[PDB]
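J.: Produce the complete structure using the sequences and hints provided.
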Amino acid sequence: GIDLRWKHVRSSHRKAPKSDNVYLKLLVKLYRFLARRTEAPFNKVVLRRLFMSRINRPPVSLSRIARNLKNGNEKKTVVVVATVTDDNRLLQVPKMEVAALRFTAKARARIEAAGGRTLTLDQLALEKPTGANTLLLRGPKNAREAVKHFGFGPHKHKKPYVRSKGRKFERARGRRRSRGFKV
Amino acid sequence: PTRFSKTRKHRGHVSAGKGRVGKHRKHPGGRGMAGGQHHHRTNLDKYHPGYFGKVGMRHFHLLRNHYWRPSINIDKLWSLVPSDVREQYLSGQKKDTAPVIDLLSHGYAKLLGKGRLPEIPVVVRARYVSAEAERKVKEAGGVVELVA
Amino acid sequence: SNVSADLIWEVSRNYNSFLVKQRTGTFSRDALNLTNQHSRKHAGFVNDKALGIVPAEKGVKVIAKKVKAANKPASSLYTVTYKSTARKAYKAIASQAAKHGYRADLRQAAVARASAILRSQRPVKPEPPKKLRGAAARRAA
Amino acid sequence: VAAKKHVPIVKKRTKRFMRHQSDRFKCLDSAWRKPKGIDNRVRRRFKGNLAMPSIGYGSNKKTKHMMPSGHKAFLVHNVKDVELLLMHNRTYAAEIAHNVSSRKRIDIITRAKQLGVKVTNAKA
Amino acid sequence: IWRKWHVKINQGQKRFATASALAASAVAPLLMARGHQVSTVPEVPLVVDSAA
RNA sequence: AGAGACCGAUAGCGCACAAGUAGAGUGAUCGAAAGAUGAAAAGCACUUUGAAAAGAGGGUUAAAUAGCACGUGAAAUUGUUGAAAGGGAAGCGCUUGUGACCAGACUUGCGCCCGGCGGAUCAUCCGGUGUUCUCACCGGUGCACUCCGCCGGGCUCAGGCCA
RNA sequence: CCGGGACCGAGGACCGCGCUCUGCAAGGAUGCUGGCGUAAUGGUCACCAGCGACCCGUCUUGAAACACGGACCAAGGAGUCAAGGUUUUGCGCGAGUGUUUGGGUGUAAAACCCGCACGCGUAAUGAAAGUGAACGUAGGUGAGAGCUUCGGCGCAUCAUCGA
RNA sequence: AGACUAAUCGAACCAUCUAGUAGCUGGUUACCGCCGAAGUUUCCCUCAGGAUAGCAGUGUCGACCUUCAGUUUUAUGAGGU
RNA sequence: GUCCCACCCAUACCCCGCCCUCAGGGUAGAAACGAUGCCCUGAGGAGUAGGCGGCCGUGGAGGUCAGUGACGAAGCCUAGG
Ligand SMILES: [Mg+2]
Ligand SMILES: [Mg+2]
Ligand SMILES: [Mg+2]
Ligand SMILES: [Mg+2]
Ligand SMILES: [Mg+2]
Ligand SMILES: [Mg+2]
Ligand SMILES: [Mg+2]
Ligand SMILES: [Mg+2]
Ligand SMILES: [Mg+2]
Ligand SMILES: [Mg+2]
Ligand SMILES: [Mg+2]
Ligand SMILES: [Mg+2]
Ligand SMILES: [Mg+2]
Ligand SMILES: [Mg+2]
Ligand SMILES: [Mg+2]
Ligand SMILES: [Mg+2]
Ligand SMILES: [Mg+2]
Ligand SMILES: [Mg+2]
Ligand SMILES: [Mg+2]
Ligand SMILES: [Mg+2]
Ligand SMILES: [Mg+2]
Ligand SMILES: [Mg+2]
Ligand SMILES: [Mg+2]
Ligand SMILES: [Mg+2]
Ligand SMILES: [Mg+2]
Ligand SMILES: [Mg+2]
Ligand SMILES: [Mg+2]
Ligand SMILES: [Mg+2]
Ligand SMILES: [Mg+2]
Ligand SMILES: [Mg+2]
Ligand SMILES: [Mg+2]
Ligand SMILES: [Mg+2]
Ligand SMILES: [Mg+2]
Ligand SMILES: [Mg+2]
Ligand SMILES: [Mg+2]
Ligand SMILES: [Mg+2]
Ligand SMILES: [Mg+2]
Ligand SMILES: [Mg+2]
Ligand SMILES: [Mg+2]
Ligand SMILES: [Mg+2]
Ligand SMILES: [Mg+2]
Ligand SMILES: [Mg+2]
Ligand SMILES: [Mg+2]
Ligand SMILES: [Mg+2]
Ligand SMILES: [Mg+2]
Ligand SMILES: [Mg+2]
Ligand SMILES: [Mg+2]
Ligand SMILES: [Mg+2]
Ligand SMILES: [Mg+2]
Ligand SMILES: [Mg+2]
Ligand SMILES: [Mg+2]
Ligand SMILES: [Mg+2]
Ligand SMILES: [Mg+2]
Ligand SMILES: [Mg+2]
Ligand SMILES: [Mg+2]
Ligand SMILES: [Mg+2]
Ligand SMILES: [Mg+2]
Ligand SMILES: [Mg+2]
Ligand SMILES: [Mg+2]
Ligand SMILES: [Mg+2]
Ligand SMILES: [Mg+2]
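Protein chains in written order, with my numbering: chain A, 34 to 216; chain B, 116 to 263; chain C, 2 to 142; chain D, 130 to 253; chain E, 53 to 104.
No lab work stands behind these hints, which were simulated from the structure alone. You may find that some hints are simply not true.
Claimed, not checked - Within a straight-line C-alpha distance of at most 30 angstroms, the following computed DSSO-like cross-link-like pairs (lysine-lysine) qualify:
1) 225(B) - 198(A)
2) 215(A) - 121(B)
3) 126(C) - 133(D)
4) 242(D) - 131(C)
5) 242(D) - 92(C)
6) 22(C) - 48(A)
7) 141(D) - 131(C)
8) 50(C) - 62(A)
9) 242(D) - 89(C)
10) 89(C) - 59(C)
11) 209(D) - 84(C)
12) 161(B) - 189(A)
13) 62(A) - 42(C)
14) 40(A) - 141(D)
15) 193(D) - 124(B)
16) 121(B) - 56(E)
17) 201(D) - 131(C)
18) 209(D) - 126(C)
19) 62(A) - 190(D)
20) 58(A) - 67(C)
21) 181(A) - 169(B)
T.: Encoded structure:
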């Protein structure tokens with residue numbers, strides 16, 4: 034006997050992508066070599082984000098990029114391991130160069146129209162193997178419809194599952210002191 | 116595809132994953148929404164607070180066409196003009212001509228105002244207009260006129 | 002481009018017409034495959050540079066791939082027949098694969114495959130007659 | 130020909146793991162089945178009963194799948210298949226399928242003798 | 053008889069795949085690996101001068 | 001009338017057959033079982049034992065280990081022959097012993113030296129062609145201390161099982 | 001510091017730490033010798049011997065039970081399908097997205113092509129009439145991966161004070 | 001006499017609605033590998049049954065955050081066996 | 001009743017071999033690789049109700065082995081491997 038609390042405990046994070054895209058398999062091979070034989074911490078972070086599922090790689094927008102292109106960051110390279118989306122509100126698009134997993138049709142057109150350049154994760158490794166002069170970005174993880182229903186309960190101000198919304202669907206008892214109590 | 120499902124892995128194990136003491140009988144607890152006020156109250160109050168009761172006055176023979184007025188904010192107003200003409204105005208090449216936007220033809224009735232507007236005069240024709248939206252379009256040199 | 006040697010291996014890694022998979026191991030019945038194993042290193046039909054040896058009526062026949070005419074298969078093989086001497090054939094094959102950097106990692110396998118083919122064209126000796134151990138008493142009658 | 134030099138072969142077990150209570154009823158085959166009874170004496174590992182198969186009975190990875198000669202069996206169907214063993218004659222051995230005709234059986238044996246490949250079932 | 057026999061797939065994905073298949077038809081190594089006999093054809097995108 | 005990622009004689013309609021038939025009930029009604037010799041009956045002439053059914057010979061056939069109880073013919077249960085055990089159950093697990101039966105492996109391989117037999121052709125050079133542009137093939141030139149195959153003799157190294 | 005006995009030999013070019021330093025007991029067994037080359041070693045099956053071994057499935061706090069079902073063998077025999085939800089995985093497009101009610105066409109229940117409407121999404125809140133989202137570089141403070149001209153800029157998300 | 005009404009009577013026999021409902025008995029079909037419980041809280045014409053929290057498994061993400069603990073030591077409070 | 005020497009044996013403890021599970025490292029100016037591979041190092045293994053992963057068989061459908069067969073396919077019997 035050995036009197037241990039835990040035994041044969043597995044890891045908690047993905048160690049390989051669950052997707053079977055052939056091109057993505059090549060991209061993992063490249064960065065798996067780079068991370069092993071380079072001291073730059075930028076390579077290790079990029080490798081893990083390639084494994085993540087779609088809900089853990091939310092899209093980023095052109096507006097969110099322009100937000101972080103201020104206060105002395107107008108000359109750096111934006112790297113986004115996700116999709117990049119055009120924003121209809123932004124009327125004037127600044128000049129930037131972006132390395133992203135994929136672009137929408139309109140986002141690619143508007144970036145190069147202003148005088149920018151659209152890169153690729155493989156071309157990024159060819160130009161900046163150590164990731165110098167780069168900034169990483171993420172999308173809003175919690176900006177999803179399904180997250181609003183998480184942890185429903187009294188005094189929590191969450192969203193309920195209703196087949197429709199109106200005065201006939203819930204409200205009533207338990208939502209106003211005029212009928213019993215409130216939550 | 117039934118070749119890969121948990122019922123195939125239960126072969127050879129008695130009770131098929133439903134337990135020995137509790138034997139998966141026909142309908143314990145009732146059918147449907149039975150027991151809403153008696154024995155399923157604890158579930159129906161932690162979730163779904165408000166199932167029971169009456170609220171508000173009733174409407175006989177409601178016709179939803181009387182209440183049709185989709186709305187559009189002001190920061191998306193410039194997205195209505197086509198892209199090729201749109202870039203000319205923002206670049207600043209006209210300097211003497213103003214566009215007239217017809218909201219009804221695009222399927223809108225009320226013009227709300229939520230974002231910002233560039234300083235170019237426009238003309239908006241809407242059935243309804245908000246108080247805040249009228250001011251922003253006016254300080255840019257434009258005017259809004261009701262059309263019915 | 003969108004096609005490369007690495008990509009073709011990804012598509013054909015799991016199944017292809019040349020695959021012979023069963024218990025105790027897997028094999029490949031490919032013309033440009035030395036040792037007839039299923040691996041990226043020995044998969045002739047995916048790599049840009051490959052070697053293959055086929056027995057002729059008298060000696061070995063060696064075919065190689067010309068990288069300049071990949072899209073033209075009718076004239077994409079450089080073939081030559083060696084039927085002079087065992088040692089002379091050994092030297093030409095090794096030089097063909099390890100003197101100008103054309104798959105220098107296949108030098109050892111190409112020579113060994115040629116050695117086996119030539120060994121298999123010799124006359125066969127007659128196997129000695131089988132003996133009996135427990136049926137000897139039976140056959141005494 | 131003789132096979133490559135290798136470490137000695139150890140089996141760790143020879144018996145066949147018969148099924149419990151299959152020696153008393155004719156409706157039960159001898160193929161092993163895991164007993165799921167709540168009070169079964171074999172499932173509870175009582176002393177003096179049949180053992181149960183475990184992963185600890187496995188064989189060495191070096192000598193796995195090889196017959197006592199030292200080779201590994203390979204099922205063949207015609208004369209074109211046996212030529213796949215040209216480069217593997219010290220590791221693999223040929224075996225003719227049971228549905229091959231008698232005429233094609235001697236064609237394979239003749240070709241296999243040239244390559245030095247051992248044939249497991251040739252005396253016929 | 054009212055089980056789901058047919059299936060529905062997006063027209064965008066149909067066009068992606070039929071375009072992917074056409075690209076793989078110009079790769080000679082893939083042709084051989086599918087069991088075709090093309091050892092004596094001049095060019096892998098074979099074209100005939102409208103003799104038919 | 002045309003079809004199938006449908007079932008294949010305990011399945012598919014109750015019915016692949018003289019099936020809503022045989023049969024049960026006073027009656028309304030209830031309602032089965034049952035497909036396959038061979039390519040072709042060529043479905044066993046004649047002799048002999050028997051009261052007869054049938055048997056033994058002899059025939060037809062690619063086959064009667066297909067004979068109208070007919071393709072293939074499994075298990076429960078039974079008969080004969082051969083082997084073995086048994087003082088109020090039998091079976092089973094771990095480990096030897098005796099008797100019967102049996103699969104492998106080994107039975108040579110490589111290299112060097114001497115002698116003999118048989119052949120065209122080893123280094124080198126010239127011309128032509130191919131190719132990874134410096135590496136090869138083909139034609140010619142060699143012409144016996146070189147190269148190649150076989151046989152006989154001698155020597156070194158390695159090779160099966162138990163100690 | 002010197003004797004006596006038992007069990008074991010994993011690994012497979014060189015590399016290292018060291019020593020008593022023409023070498024070695026120092027990152028894992030080599031050297032010499034004999035009998036036999038077949039039923040001899042080894043394996044399967046039957047029986048005798050030493051030790052061990054209560055009848056399975058099930059409900060139950062507790063089953064070998066004087067608790068219930070089971071004489072034997074062969075074939076049949078039990079979490080399925082549709083509509084509507086929900087979270088998670090893969091894929092296409094992305095402020096948009098969905099061809100197939102229908103029309104064009106066809107080698108014809110396949111495949112390929114076309115568009116007006118419409119569904120969900122892009123704006124909430126009140127019983128209702130109604131009204132309808134920027135003081136600031138879309139804010140301030142404390143932590144934050146990564147980047148950096150070394151001063152600093154600070155994604156996602158968590159807490160807190162405001163508009 | 002609750003007797004008799006085709007071997008059927010404290011409400012005949014035949015087909016259909018009908019695969020009538022069951023909080024209750026019985027059964028529920030191949031192998032190997034890793035983790036591994038509960039009979040307790042609150043409400044119910046509830047006590048052979050359900051919902052609710054707990055104990056359990058799997059999928060992950062945030063950092064590798066130096067944070068943590070069925071424990072001892074030192075200083076300082078509460079209690080009525 | 002008390003005290004003192006020697007000895008006997010568990011699936012427990014120590015050393016060695018092998019299997020699987022889990023964790024941490026090495027491998028491209030590729031003479032290179034079922035990169036899902038191979039090589040190096042350490043620790044762990046009981047289990048009903050229940051959860052998840054990997055694999056083996058049966059009837060059909062598309063592709064492919066230019067697969068086996070009247071010189072005998074499928075099926076069945078077999079203290080023969
Ligand atoms: Mg242990
Ligand atoms: Mg009231
Ligand atoms: Mg279980
Ligand atoms: Mg049960
Ligand atoms: Mg339950
Ligand atoms: Mg009540
Ligand atoms: Mg075994
Ligand atoms: Mg028990
Ligand atoms: Mg049948
Ligand atoms: Mg029938
Ligand atoms: Mg029958
Ligand atoms: Mg059947
Ligand atoms: Mg019937
Ligand atoms: Mg009648
Ligand atoms: Mg019959
Ligand atoms: Mg007769
Ligand atoms: Mg007579
Ligand atoms: Mg016959
Ligand atoms: Mg006859
Ligand atoms: Mg017959
Ligand atoms: Mg009969
Ligand atoms: Mg018969
Ligand atoms: Mg019998
Ligand atoms: Mg007696
Ligand atoms: Mg007994
Ligand atoms: Mg014995
Ligand atoms: Mg010459
Ligand atoms: Mg070891
Ligand atoms: Mg013996
Ligand atoms: Mg006893
Ligand atoms: Mg009791
Ligand atoms: Mg219990
Ligand atoms: Mg019991
Ligand atoms: Mg009793
Ligand atoms: Mg009981
Ligand atoms: Mg009972
Ligand atoms: Mg009984
Ligand atoms: Mg029975
Ligand atoms: Mg009996
Ligand atoms: Mg059955
Ligand atoms: Mg559904
Ligand atoms: Mg729409
Ligand atoms: Mg409203
Ligand atoms: Mg930092
Ligand atoms: Mg009375
Ligand atoms: Mg009657
Ligand atoms: Mg009567
Ligand atoms: Mg009545
Ligand atoms: Mg009735
Ligand atoms: Mg039922
Ligand atoms: Mg019923
Ligand atoms: Mg276990
Ligand atoms: Mg455990
Ligand atoms: Mg009970
Ligand atoms: Mg947990
Ligand atoms: Mg007191
Ligand atoms: Mg007290
Ligand atoms: Mg032990
Ligand atoms: Mg261990
Ligand atoms: Mg079927
Ligand atoms: Mg047969």
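J.: Next step is simple, just say for each hint if it's right about the structure.
T.: Now for the hints, and whether the structure bears them out:
1. 225(B) - 198(A): 23 angstroms, holds
2. 215(A) - 121(B): Answer violated: residue 215(A) to residue 121(B) is near 43 angstroms, above 30 angstroms.
3. 126(C) - 133(D): Measuring from Cα to Cα gives roughly 23 angstroms; hence the hint holds.
4. 242(D) - 131(C): Measuring from Cα to Cα gives roughly 16 angstroms; hence the hint holds.
5. 242(D) - 92(C): With a Cα-Cα distance of about 28 angstroms, the restraint between residue 242(D) and residue 92(C) holds, given a limit of 30 angstroms.
6. 22(C) - 48(A): 28 angstroms, holds
7. 141(D) - 131(C): 33 angstroms, violated
8. 50(C) - 62(A): 22 angstroms, holds
9. 242(D) - 89(C): 27 angstroms, holds
10. 89(C) - 59(C): Satisfied, since the Cα-Cα distance of roughly 14 angstroms is no more than 30 angstroms.
11. 209(D) - 84(C): It holds: about 24 angstroms lies between the C-alpha atoms, which stays within 30 angstroms.
12. 161(B) - 189(A): 11 angstroms, holds
13. 62(A) - 42(C): Measuring from Cα to Cα gives roughly 17 angstroms; hence the hint holds.
14. 40(A) - 141(D): Satisfied, since the Cα-Cα distance of roughly 28 angstroms is no more than 30 angstroms.
15. 193(D) - 124(B): Satisfied, since the Cα-Cα distance of roughly 29 angstroms is no more than 30 angstroms.
16. 121(B) - 56(E): 21 angstroms, holds
17. 201(D) - 131(C): 24 angstroms, holds
18. 209(D) - 126(C): The given pair, whose Cα atoms are some 23 angstroms apart, holds under the 30 angstroms limit.
19. 62(A) - 190(D): Answer holds: residue 62(A) to residue 190(D) is near 29 angstroms, not above 30 angstroms.
20. 58(A) - 67(C): Measuring from Cα to Cα gives roughly 29 angstroms; hence the hint holds.
21. 181(A) - 169(B): 27 angstroms, holds
Of the numbered hints stated above, those contradicted by the structure are hints 2 and 7, listed in ascending order.
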